[PDB]
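Single chain ahead, written as structure tokens, the form deposited without its partner chain.
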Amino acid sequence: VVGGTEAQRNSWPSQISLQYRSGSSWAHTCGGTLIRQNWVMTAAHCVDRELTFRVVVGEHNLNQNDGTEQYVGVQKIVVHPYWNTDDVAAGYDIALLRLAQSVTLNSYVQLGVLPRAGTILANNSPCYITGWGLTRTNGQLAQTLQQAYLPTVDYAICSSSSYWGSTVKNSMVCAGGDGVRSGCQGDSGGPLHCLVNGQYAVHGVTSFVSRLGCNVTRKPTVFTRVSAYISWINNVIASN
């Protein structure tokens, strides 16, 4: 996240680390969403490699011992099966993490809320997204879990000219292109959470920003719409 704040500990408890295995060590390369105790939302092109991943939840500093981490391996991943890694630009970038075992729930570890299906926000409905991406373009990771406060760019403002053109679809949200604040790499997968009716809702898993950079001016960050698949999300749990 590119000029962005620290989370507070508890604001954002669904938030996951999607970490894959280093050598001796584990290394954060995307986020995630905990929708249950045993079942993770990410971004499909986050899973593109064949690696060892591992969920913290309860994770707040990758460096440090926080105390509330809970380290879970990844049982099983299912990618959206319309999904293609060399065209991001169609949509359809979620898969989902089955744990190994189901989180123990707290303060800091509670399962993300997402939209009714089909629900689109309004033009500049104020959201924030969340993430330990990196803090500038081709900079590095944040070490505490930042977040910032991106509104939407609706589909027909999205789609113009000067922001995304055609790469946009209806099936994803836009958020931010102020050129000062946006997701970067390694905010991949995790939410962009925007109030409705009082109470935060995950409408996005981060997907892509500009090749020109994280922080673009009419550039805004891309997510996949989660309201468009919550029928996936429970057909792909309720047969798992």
Given for the second form:
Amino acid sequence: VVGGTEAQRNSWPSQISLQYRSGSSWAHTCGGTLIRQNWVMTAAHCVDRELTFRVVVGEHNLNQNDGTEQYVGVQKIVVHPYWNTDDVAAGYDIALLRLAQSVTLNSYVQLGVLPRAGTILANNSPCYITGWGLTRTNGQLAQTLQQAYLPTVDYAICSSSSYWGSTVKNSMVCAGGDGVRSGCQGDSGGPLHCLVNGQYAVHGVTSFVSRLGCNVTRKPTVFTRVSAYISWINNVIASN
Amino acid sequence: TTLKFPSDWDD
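Having seen the form deposited without its partner chain, please provide the structure of the form solved in complex with its partner chain.
Below is the entire complex, every chain and molecule, led by the chain shown above.
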């Protein structure tokens, strides 16, 4: 997150860190949202390959023992069948990870609440992106979970030529684009939490930014619209 | 550009 502030430890208990085996250790590579004690929702491009993954829930500082983490392996990955690695702009950037064991819920570990299917937020709706992604374009990962206020940019505006044009689809949510705050590498797969009827719910799965940089004025961070996949999500969980 | 670390094409 560029332009973020450190989140309090218990503000975003559904946020997870998806890590892959690197050398003799584990390396954070993407964010995710715990949606069942044994299922994590993330971006398909994060799990599109042949890497070995573990999920860390209750994580705050990637480089220090928080005394709250649970580590768990990923037993099965279900990527959206329509996901095309060669065209992230086509959409379907979402995958579900079935965890080897159910994690235990507590103030650091909770299920992310999902919006009702079909929900599209009014322009400028209040949301927050969270993650350990880069703190500057071409910079380094944050050590502690960061958050940044990123109001939505509705489809009509997001799809206009000075913004994302044809690149954005209605199956996505655009948020931010203020030139200062944005998602950045390592935030992919993470939640966009939006306040609706007094409850924060996860309306987006972090997907992409401008080739020009993370915080680029009028190139809001783009997310997969969670509300477009509620039936898909429920069908996967019901069958695995 | 997708937001996987180090990159989409390079973990």
